[PDB]
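One chain comes next, on its own, written out as C-alpha cells in the form deposited without the named molecule.
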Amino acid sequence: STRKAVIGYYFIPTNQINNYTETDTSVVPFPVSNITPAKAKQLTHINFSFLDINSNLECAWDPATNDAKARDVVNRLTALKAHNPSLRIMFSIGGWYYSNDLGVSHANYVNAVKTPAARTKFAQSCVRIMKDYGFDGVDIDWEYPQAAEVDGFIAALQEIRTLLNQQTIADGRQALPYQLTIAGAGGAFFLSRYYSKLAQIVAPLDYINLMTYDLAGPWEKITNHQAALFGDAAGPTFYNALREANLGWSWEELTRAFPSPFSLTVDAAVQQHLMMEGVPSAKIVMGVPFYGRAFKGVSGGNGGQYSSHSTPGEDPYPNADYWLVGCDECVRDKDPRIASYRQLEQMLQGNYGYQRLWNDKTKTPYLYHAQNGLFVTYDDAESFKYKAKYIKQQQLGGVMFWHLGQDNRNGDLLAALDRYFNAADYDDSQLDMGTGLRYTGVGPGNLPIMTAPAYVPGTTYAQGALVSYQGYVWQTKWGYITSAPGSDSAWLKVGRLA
C-alpha cells in the first residue's frame, strides 16, 4: 500500500533560465510545459537542479541568475502540484560541476559544514531558500564529502532536518511534510568515503538516492555497462574499497561482507547499503540513467563490451570530432560521450549502423556500431522491468533518475517505471531475473534467517559448527570451542532466529 517514490531531476542551466521560453527549443530544449499532467502524476518528486553554496557559505542561486525568471520557472513547476497532491518539487544543491573535488564551488561545501556556526548559517539558508521560492524539500548532491568532512556533513543534515521539521509544523504540512534527501554514491570507491558512518548519514533523510549509474565511462581501461543490475563474469571486476573502511570489524567480518574483487553493479551498491545496521531498505532509492555513455575505438567479437577503447576522458571534450554517428544533441552540446535516451531512440531508428543488443546477465541493453567501433551503455523500458522487480523484491523506497529532459517526447521511460510499480494489469511474477552474479556480502544489517540446534554448555564445537543462542545463529571460526557464543572472538554471528 506504500507508493514507490519516483524521483526525477529537472536540470536547467542559468543561461536558459535567464532566457526562459516555452516556444523555442533551441533556447530551452526542455521547458517546464513538456512535463504534462500525465507525467506530473507519474512522478512523486521533481528535483530542481542545481543551486550552489556560495563563498558566504550559504545556499544560493548562481549569482548570474535572473531572480524574476528563476521564480517564474519554479512557479511553473509548483503549479504542477495541481495535477497531483503527492507531488513534491525539491531543489537540489550541488551537482558534479559545483561540488566535485576540483569543482568551482568545492571549498564552500567543505567550509559550510565545518563548524557549528557555519552549519547553522548554511542550514538556515537552505530552508529560507526553500520557503522563499516555494520548494517542498532539500536535496544535497555533493560529490563527495571525504572521510574527514563527513562528521560535519552529518551534523549539517541533522540541523537541516530539525529546521525542516519546524517548518512543517509552522505550515501545517503533516500531510506532505518537507523532506530531506541526498544523492549518494552508487559505487564502492566513492561510497567508501562515508561508508563507515552510513547509518548516521541516512537517519535524517527521507531517502538516499543511490547514483547507481555512471559506473563505467571514459576513465576506465575497458568498456563496460554503466548500470548493470547484476554482474557478468566475462566483465571487468574491481577492488572492493569498502574492506579498507574504518569499521573496526574482524578479518572474517570484513571478508564475509566485502568480496574482492567484485562486480560493480546496481545490486552491489544496494546490498552494500543494506549490510549496514540502521540503514532501512525503505529509505534506499535506486538511481537510473535516462542517458547512455558512448565509447569509440572498440574491438569486435563481443558487441563492443569489455573492450579497450580510445574515448577521450578530458574536460572539455578536446576537439570537434563528434564521432557519435546520428547524435544531433552531441553536436549541439559539443560532446559525443553522452547521449540522451531520446536521442538514442532516433539513432537506432535511422540508418546510422547501430545494433541494439542485450546482455542477459546484466539485464541491460547496449548499442554496438560494428563498422566504426562504437559502444553505448544505456537503460530502457526493458532493463527497467528487472530494476523495478528488484526494487519491489528488496523493498526499496523507489527509483530516481537523471534526468527528465532525456526521456523521449512521449515520456516512455517514466511511464514504464510508473506502470511497473502501479499498473493493476502489469504482472512481473514470472519475469526471470537471470543468472548474473549477485553481491553476496553479509553484514550486521542483513543477516539471513537461519536455524540451528541450541548451544549447549560443555559441548566441544569443531570449526564451522552452527549453534543458536540468544536470538542468533553463530558459527565457530575454528575448533574446538566451548565458550558461549558472542563471549569471545571465536564465534561469528551469521544468522538470526525466529
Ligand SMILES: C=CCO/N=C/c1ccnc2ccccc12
Given for the second form:
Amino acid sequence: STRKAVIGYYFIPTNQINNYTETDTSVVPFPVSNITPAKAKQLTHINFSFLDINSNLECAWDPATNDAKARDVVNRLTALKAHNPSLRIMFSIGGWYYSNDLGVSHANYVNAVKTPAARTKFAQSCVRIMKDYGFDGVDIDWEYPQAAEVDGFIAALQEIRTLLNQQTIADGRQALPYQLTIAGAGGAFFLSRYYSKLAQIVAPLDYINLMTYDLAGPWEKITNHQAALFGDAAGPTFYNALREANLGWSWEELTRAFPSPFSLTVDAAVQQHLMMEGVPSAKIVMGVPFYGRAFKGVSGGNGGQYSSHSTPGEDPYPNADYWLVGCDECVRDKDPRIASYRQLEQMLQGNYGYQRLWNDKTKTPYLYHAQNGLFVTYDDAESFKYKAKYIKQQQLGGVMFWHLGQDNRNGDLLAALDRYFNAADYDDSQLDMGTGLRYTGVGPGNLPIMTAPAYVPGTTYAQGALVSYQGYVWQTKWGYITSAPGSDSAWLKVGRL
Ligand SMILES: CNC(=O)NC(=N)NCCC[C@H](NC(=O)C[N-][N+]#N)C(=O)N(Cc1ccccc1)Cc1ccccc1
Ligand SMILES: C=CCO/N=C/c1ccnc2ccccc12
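Form solved in complex with the named molecule, following the form deposited without the named molecule:
Next comes the full complex, and the chain you just saw is listed first.
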C-alpha cells in the first residue's frame, strides 16, 4: 500500500550555479529542465546538494555562491511540485568533500553539534534556510560523526525535528509535512561509528538513506562489485567491525549478530540495521548508484572480478591519463575512475572493446575490457529488479540514488524503479533472487517467529534445548540448565512467539 520513496540527488557545483544556463551542456551538463514532468512524477524527493556548515556553525551556502542564481535554480526545482503534489525538494548539508574527517569544513560539523547552545543555533539555521529558499525538508550527509560526537549529532537531529514540526504546524503543512533525513553509512566500517545508538539516530528521521554503494573502489586491494545485493563466496570478505561496537552484548549475542569475516553487500547493511531494536524497516531506504566505478590493470580469468589492479586512489586524480576507453564525460571531469550509467551505455554501444557481464550471485552487471585489463562495477535496470524486489520483501521505505544527472537521457533507470514499485502490469513474483550469500545475523530487533514447548521448572535442559517462556523462545547456551529463561546468563533469547 504505502508508496515507496524514490529519492534522487540533484547535485550542482557552485561554478555551475553561478553560471547557470539551461542551453549549454558544456557549462551546465544537467540543468533543472532535464527533469521533465514525467521524471518529476516518478520521484518522491529530490535532494538538492550540497549546502555546508560554516565557521559561524550555521547551515550555509558555499560563500562563493551567487545568491540570486541559487534562488533561481531552487525555484525551478520547487516549480516541479506543480506536476506532483507528493514531491518534496529537500536540501542536503554535507557530502564527502565538506564533511569527511579531513574535509575542508569538518571542524564546523564537530563544533555545530557539540553543545546545547551550538545545536540550537545550528538547528535554527537549518529551518531558516529551508523556509527562506522554499525547501521541503532537511537531509544531513555528514560522513561521518565519530563515536564520540554521536550524542551531539543525535541531539542536533532531535532539535531539528522539533523545529520542523513547529514549522509544519505554522504552515498548515500536514498534507506534506516538513521532513528530516540522513544519508547513512552503507558499510560496517563507517556504520560502526554510531551503530550502537542507531535507534536514537533513526527516531527523529522520516528515513535513513543507506549509502549502499561505494562498497568497492581503488582504496581496496581487490576489484569487487560496489553494490552487490548478495555475496559471492569467490569475492573478498571483510572483518565485521560491528562486533567491536559498544553494545554491551554477550559473546553469543555478538557472534550470532555479527559473523566475521562477511560479505560487504547491500543485504548486509540492510540486515545490520534491522537487527537493532527500534529501527523500523519502513524508515530504511536503500541507496543505489547511477554510476559505475572503474579499475585498470586488472587480470583475466573471472571477467576482471576479484583481481589486483593499478587504479590510482589519490584525490584529485593524479595525471592526465584518462584510460577509461570511450568515457567522454571522464575527460570532461578529468577522472577515469567514475562513469555515469548514461556514459556506460554509450561505452557498451560503441566500438570500445567492453563486454557486459552478469554475476548471478550478486545480481549485478559489470564491464570487462579484456584487451586493456579494465573492470567496471555498476548498476542497471536489471540489477534494480532484484533490489526493488528486496525492498518490497523486506518492507523497506524505498530507494535513494546518486545522482539524477547520471541517469540516461530518457531517464530509464528512474523509470525502471518507478515501474518496479508502481506499475500495475509489472510482476516479479517469479523473479529468482538466487543463491548468493545472505547476511544471516540475528539481533534483538529481528528475532524470528518461533514455537517451542513451554519451559518446565525442575527440568534439566541439555545444551541447545529450546523452550517458550514469557513471550519468547529461548535456547540453552550450555547444559544442564534449570533456571527460568531470562533470569540468568544461561539462556539465549532466539525467537519470539
Ligand atoms: C549522498 N552522499 C553520497 O553519496 N556520498 C558518498 N558517496 N560519499 C563517498 C564518495 C566520495 C566521492 N569520492 C570518490 O569517488 C573517490 N574518487 N575516486 N576514485 C566524491 O567525493 N566524489 C565523487 C563521487 C561522489 C559520489 C558518488 C560517486 C563519486 C566527488 C563529488 C562530486 C560531486 C559532489 C560530491 C562529491
Ligand atoms: C578514490 C577516490 C578517493 O575517494 N575516496 C573516498 C574514499 C576513501 C576511502 N574510503 C572510502 C570508503 C567509502 C567511500 C569512499 C571512500
